[PDB]
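This is what each chain is made of:
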Amino acid sequence: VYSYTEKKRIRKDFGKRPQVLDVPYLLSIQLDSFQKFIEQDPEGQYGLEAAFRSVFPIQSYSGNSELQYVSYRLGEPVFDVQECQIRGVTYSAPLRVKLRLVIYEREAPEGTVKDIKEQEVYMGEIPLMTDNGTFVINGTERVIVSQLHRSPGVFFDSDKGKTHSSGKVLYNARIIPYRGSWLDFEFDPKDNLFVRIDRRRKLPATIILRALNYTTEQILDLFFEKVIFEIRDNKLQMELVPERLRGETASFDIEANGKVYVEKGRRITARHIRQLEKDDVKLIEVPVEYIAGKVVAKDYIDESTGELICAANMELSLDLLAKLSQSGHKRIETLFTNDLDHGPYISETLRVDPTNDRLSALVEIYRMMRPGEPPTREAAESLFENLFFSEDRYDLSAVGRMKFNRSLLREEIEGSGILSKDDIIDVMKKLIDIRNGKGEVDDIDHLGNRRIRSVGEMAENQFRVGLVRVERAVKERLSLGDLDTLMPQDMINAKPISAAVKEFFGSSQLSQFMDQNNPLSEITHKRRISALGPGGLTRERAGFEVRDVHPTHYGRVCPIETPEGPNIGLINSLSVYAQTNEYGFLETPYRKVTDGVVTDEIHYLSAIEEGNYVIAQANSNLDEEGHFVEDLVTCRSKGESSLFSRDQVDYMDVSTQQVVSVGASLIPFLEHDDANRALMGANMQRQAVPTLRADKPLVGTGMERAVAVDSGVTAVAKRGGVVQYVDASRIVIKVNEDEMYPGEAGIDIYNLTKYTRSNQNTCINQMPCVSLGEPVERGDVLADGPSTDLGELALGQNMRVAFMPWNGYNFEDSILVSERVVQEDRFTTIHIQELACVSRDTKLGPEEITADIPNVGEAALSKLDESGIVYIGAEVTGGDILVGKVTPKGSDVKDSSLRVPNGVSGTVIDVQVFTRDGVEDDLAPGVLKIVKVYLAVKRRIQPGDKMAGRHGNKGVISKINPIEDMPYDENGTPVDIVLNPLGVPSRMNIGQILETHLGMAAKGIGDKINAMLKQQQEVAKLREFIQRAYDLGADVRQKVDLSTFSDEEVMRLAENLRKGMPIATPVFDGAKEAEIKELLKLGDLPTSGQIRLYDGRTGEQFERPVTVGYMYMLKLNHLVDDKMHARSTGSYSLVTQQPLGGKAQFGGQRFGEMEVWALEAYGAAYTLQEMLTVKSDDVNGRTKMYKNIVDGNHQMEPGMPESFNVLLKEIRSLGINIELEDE
Amino acid sequence: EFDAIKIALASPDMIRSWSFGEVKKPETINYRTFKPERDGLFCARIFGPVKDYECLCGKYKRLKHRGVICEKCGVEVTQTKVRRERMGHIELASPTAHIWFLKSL
DNA sequence: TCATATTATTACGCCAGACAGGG
DNA sequence: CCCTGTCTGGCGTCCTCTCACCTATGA
RNA sequence: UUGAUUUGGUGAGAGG
Ligand SMILES: [Zn+2]
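Going line by line, the protein sequences match chains A and B.
In terms of my numbering, the numbers along the first sequence are unbroken and rise by one, the last being 1223.
In terms of my numbering, the numbers along the second sequence are unbroken and rise by one, the last being 105.
Honestly, I wouldn't trust all of these hints.
Each computed DSSO-like pair below joins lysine-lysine, with the alpha-carbon atoms no more than 27 Å apart [to be verified]: (1) A:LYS1123 <-> A:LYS954; (2) A:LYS889 <-> B:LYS103; (3) B:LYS6 <-> A:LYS843; (4) A:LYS7 <-> A:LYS889; (5) A:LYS592 <-> A:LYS98; (6) A:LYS843 <-> B:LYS81; (7) B:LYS6 <-> A:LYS889; (8) A:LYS294 <-> A:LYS235; (9) B:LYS6 <-> A:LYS894; (10) A:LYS734 <-> A:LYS8; (11) B:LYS51 <-> A:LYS1184; (12) A:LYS235 <-> A:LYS323; (13) B:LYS6 <-> A:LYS1209; (14) B:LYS59 <-> A:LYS889; (15) B:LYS59 <-> A:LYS1209; (16) A:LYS429 <-> A:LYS162.
FYI, nobody ran anything at the bench for these hints, they're computed from the structure.
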């Protein structure tokens, strides 16, 4: 069964693997994030309720009044989205917050408040999201791009090689909170443990232990195990568990029980450990040279004399043993400092420590954190107890506590947001364990260690900034509060919240202007994962590994769609099936595989879960039950693609599109292209302009439907039914009764957005693709947007392309185009320019909007009214007048009248005017005369434009040939576009050839149907040929149910197929070559894909037959009459005497540094002298040169450049006396 | 025209010889009209007239007496590019050592 | 409108060059 | 007193095109 | 004597 615009033109779908999970809604990141931000969600998480339950109830410092919270709300926007874009306002909503002030008496923690008051106060306006995932910030339509940042929670990083210049590794450990102070632990090459807070000075780390009220003995209890020396009959014997001797040299005689176990000289093996455990050896008598290097654990005091024997962490000598033996402390606890495993790092750090108690530890930490200003008991204790341990200024979130408990192998995952003693001690213990050998480091590119921020999280953080500023203001007003003469808007202020949230949505590194020239480009700018932004890395610094693809990107981030240039791999784009985890990580679908039978249930995993399991490959042959047809299958275990058994796997990939994104899964024959050319192909495919006549890719992938629907450029029907079709203004849909509400009788009236400006000056336009009185279903499309054709996605157009060299006109990457491409207007795109004119009151009275234009004669009053402003629609070009806008006293009158820029033509499509109340409306103040004029240039195609296919084959269209000179085959049809075969062996993008052959076969079927329907046959022969065309070959998913198309839906389908039968070649499970040959045999075309072609010039055959087919070629928006520029003489800058830069400023070319070196490389001394003195800077030289040229005397009078005298005055404006010496 | 470029230190007599007037007031411009400040950073007497051969305030609107300076204007009378070569000097109350000769490493 | 004058983040990678510490 | 970690400064590609956004205070 | 403001500076994106 199919829907009714699905039976219009059903695309022949190759593809063998049955898909189990349909594609999710492609804008779900933006929409789910912002629906989390604004939603009335009780239990508090997450949203605006989390912000209000953190900041409220505010109580002042015993001021006996406590403003509390009830509920919030967002009213209607005063401006709907269209008139909001037209006017220039934000698309926002007012945030109505109920606030309940209760005010206490004296001595009421428990007492009832003396008075209440409550009102629905107004704080800020928050910008709502449009239904397509965009904002409208100040007239322009912007997009917040989801960030990719390091997760909160501990990270054990190594930095193995570069420091110390000696090959000795370090090991640092960063506890990254979501909000607050950063705590890092780090070794130094003396093997001492150092703490630093917020990248400040370096403190030896155990001082933080001494700041947590730990004595030295408790610290040595934590990080060391005790070895017991018992004072006995002679020589102070030792308790010896045999584990401690692992891998060391026997220094003494190891004997017990009257038996010599191990003699001196040999190392202790594990067999000797087994001998000591079998022989039950604990107590052995040691020599006095064994204790002469060990370190005491706890303190001991001489009992009778009443003084100290030794402090804790003191090494022992023989006379120290003579001190402690004669006193009466029989047990001696020593620190086992194994050189192999259990290193003495804490103990040597305690030897570095200049402190002894808790108070001096806090004084040293306070002198680290805030220097100069004195360290007193209260101040240092408040500092250190609010560094990590208060809920205000330090908060590992739920993500942070999950990562923090997971990296320490804790059992639980939910806990308190602050740290504790035990958490810092566990981070130090795991760091020491990593130094000892057990456990390993973490990598930072691993996407289980890399969280995503999105729109709701970022706006919530900015809103929390605004709320803590307004609670400091409420605490300000309340202690100065007199009652009862205030109601809660003398306390609260709507200004800081609105200021902060408009600061983020207007001027941030991620709230950025939407790439809007294409439905693909909208839908792939909204699905973007940037590594940049606040708190993340920068473009010009890092690095090599964060720019590189890591094995956790499989199914989360597209491997091949990343922009080339200065930021590669920082601006990653999200995969097709990848959702976002509850904590913000990237979870991708897999199919749960209990045993041999691969089950059709799906189950989502992130990269810290994908490592443990064994996950299969998407295309592994399984037949009729889910059993893998082989006994061994390629899977990947822990980021390592390896071959495993038939019955070991726990998950399988869902579908074979899932590695790549929605930009680079629209490329058919992706698997035959190179990776580089797929990258260039996807990045150029974002850049296509919408043509005037949208044209249905013959070789698509079937993902065109989901992109063209899910990006909101087409008018998808909300409720199904029939149609009334007034449509000149709006589609009117009568609703079927089952989908129709009992009250609100109701018929749906869709607004078509006609010719208007996009963000890239292209033309967004919707056209109805349903007739009058025609059934439509829910979810069906009604109006085709820009670059769409019956709900599919038509960026460029499909043209007949020959691969051959043609007389040099397609030399490096150029492209030679017939005249049939430019006669049919089949790339003639439509651009729209907005031009503003204002008549602000700068000085000497206000400016004026009158046709009575001066000096200039009846060449002003022309495309305007009888007395002012461009009339409505003519063919205006360059140098015309649109809005007469000139003042008197500015003879002394002048011409600021906004005219048409140089080089452009067009038709005035629209004139908007919300001018200074007097022009003879709704807008803001200040600005007076506000006249916006919308031109619409129609640019065709010309030598110099840029076209490209989908595979990375760039081209600048070189010659626009006549129809006659084209290479025609023996049937008579010219070929449209000639490309060059030499690009194909080097640039290994062989997929454009299979697209060429399969598009040739598609139009072969289209020509066959066009013959069977033009030379008109009764519909039995058409339905037989359509059935043969839709069966065609191997086991596929489509077949068709064609005998249920009522003898008319066969004919309407065959009316929509006579331009070529559309073929879906999916991404990695595409059409094989034998099916291309078999489809080329169904059409009457030659099997090789190659036709003999004659030459239009000479009429004689090209030897060695050439390839002709249909490639889907796109017109990119790098048009040549936006790049052509020239300057002889005009205006310059102010500070310098050199010319201005750019095209919108009529400026000249920067003759840079390497061009000066290139002229020095020749003998061009005079060319360089005029290149930097006369042509550029020296004012007397250039006026004398212009007069010398127009007299007919090519001679320069050089002089000295002005910018060098600017250099002299800037150097001389220091204390520097730079001069110019003798004649 | 000229051989080598010589660089040396700037004596206070040399800086007073470069100068054309002490810049006292920090007031940049009027900002509500179009006129500058007399006598602030952007002065008239210390540097020159904004307009070419015009007293900014009011006298000499032809080409006869280029130079006269009335008391109502406290303005020189030369070219529009004359201010680009003229520099002012600030009489620093308290001596301040140069940062280029104190932190050059 | 017309003078008043500066605070609560961290996440590069060498590579010279100068400096207090110690055998 | 001659090695020495350690700290501080000083580099880090040219050319071009499009867009938006710009200090608070205040009797 | 016959006319006028971006360069300034930031941020984001793009081309070769
Ligand atoms: Zn004068």
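Tested hints:
| no. | hint | verdict |
| --- | --- | --- |
| 1 | A:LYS1123 <-> A:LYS954 | holds (17 Å) |
| 2 | A:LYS889 <-> B:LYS103 | violated (54 Å) |
| 3 | B:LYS6 <-> A:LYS843 | violated (47 Å) |
| 4 | A:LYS7 <-> A:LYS889 | violated (70 Å) |
| 5 | A:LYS592 <-> A:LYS98 | violated (48 Å) |
| 6 | A:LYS843 <-> B:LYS81 | holds (24 Å) |
| 7 | B:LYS6 <-> A:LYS889 | violated (50 Å) |
| 8 | A:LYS294 <-> A:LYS235 | holds (15 Å) |
| 9 | B:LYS6 <-> A:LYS894 | violated (48 Å) |
| 10 | A:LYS734 <-> A:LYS8 | holds (21 Å) |
| 11 | B:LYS51 <-> A:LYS1184 | holds (24 Å) |
| 12 | A:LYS235 <-> A:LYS323 | holds (14 Å) |
| 13 | B:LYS6 <-> A:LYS1209 | holds (14 Å) |
| 14 | B:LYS59 <-> A:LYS889 | holds (20 Å) |
| 15 | B:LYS59 <-> A:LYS1209 | violated (31 Å) |
| 16 | A:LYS429 <-> A:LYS162 | holds (25 Å) |
Hint compliance for this structure: hints 2, 3, 4, 5, 7, 9, 15 are not met, and every other hint is.
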